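Just one chain is shown here, as structure tokens, and it is the form deposited without the named molecule.
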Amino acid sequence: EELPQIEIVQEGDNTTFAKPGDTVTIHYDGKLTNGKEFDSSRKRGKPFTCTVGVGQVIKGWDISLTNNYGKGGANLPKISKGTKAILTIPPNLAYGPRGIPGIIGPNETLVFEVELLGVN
């Protein structure tokens, strides 16, 4: 079963974990596998707040931030509040064959360097 890959750069508090319906606040840089940046909250000067686990972000983000809607998965570490991680998300858990014209091409793997600042 398809899952994003998660590299834990530095662990957070190891006790606060988002569940579906929670709001999270996160800084990120989104790049293609070739290092070309397609988006970033940091250059925007403000972190990104979203509701997780309910399809209001790409599935790869939902799975990563909620640890597969609480179900976990093989080699899928939990991301606690304060954690720095790198999420690598296959196209089927992102924008698929369709992509986003002029921003993300077809069947693109996305790499997000993230810091989870807040959970609820």
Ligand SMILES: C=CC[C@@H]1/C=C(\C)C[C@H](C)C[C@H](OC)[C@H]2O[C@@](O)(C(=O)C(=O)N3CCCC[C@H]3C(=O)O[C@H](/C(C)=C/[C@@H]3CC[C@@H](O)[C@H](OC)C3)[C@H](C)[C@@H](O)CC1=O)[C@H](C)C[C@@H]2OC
Contents of the next structure:
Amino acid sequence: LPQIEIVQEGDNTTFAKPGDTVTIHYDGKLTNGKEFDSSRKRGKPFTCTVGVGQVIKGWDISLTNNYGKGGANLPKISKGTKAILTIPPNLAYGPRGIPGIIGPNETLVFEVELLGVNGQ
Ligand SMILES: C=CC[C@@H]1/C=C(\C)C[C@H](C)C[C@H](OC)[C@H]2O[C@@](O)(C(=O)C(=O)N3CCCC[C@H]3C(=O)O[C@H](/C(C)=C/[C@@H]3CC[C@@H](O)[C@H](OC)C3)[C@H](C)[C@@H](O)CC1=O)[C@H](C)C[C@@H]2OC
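Could you output the structure for the form solved in complex with the named molecule, given that the previous block was the form deposited without the named molecule?
Below, the chain from earlier opens the complete complex, with every other chain and molecule after it.
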């Protein structure tokens, strides 16, 4: 499943649940270290609804703590938390990927900051 490493610690009280909307700042890199996207470089944070299949599965799993099932190496991310998500080609864009930006069978690394959840 996805992998999460916690670089920094949030409030530890605010966690996203499926159907919740989250706001995130992120940089996305390949395992080789080349950046393919940054929310901050754009100057705009990303907002989405998690747990509805709106975004790739690795994002849905990490943000909702696996829909509350819990997971191996799956620590929960809270508001103000900084974490690294490693997403396998499954749970992301797969064998096809999305040209131009992503090659076939790519493992993706996201460095993310969870600015807010829902009302916040
Ligand atoms: C005209 C409007 C298009 C509309 C584009 C935007 C609102 C701007 C928004 C910042 C996207 C960025 O545009 C610069 C750019 O973000 C990336 O760089 C990226 O960091 C990424 O991977 N993200 C974004 C952050 C959340 C996780 C993931 C995602 O799941 O995002 C979602 C995603 C691509 C889902 C695919 C869709 C195809 C399915 O087949 C596949 O199923 C496996 C899942 C995004 C939100 C789409 O739902 C919404 C859109 O497409 C992609 C590398 C390519 C993507 O551009 C496409």
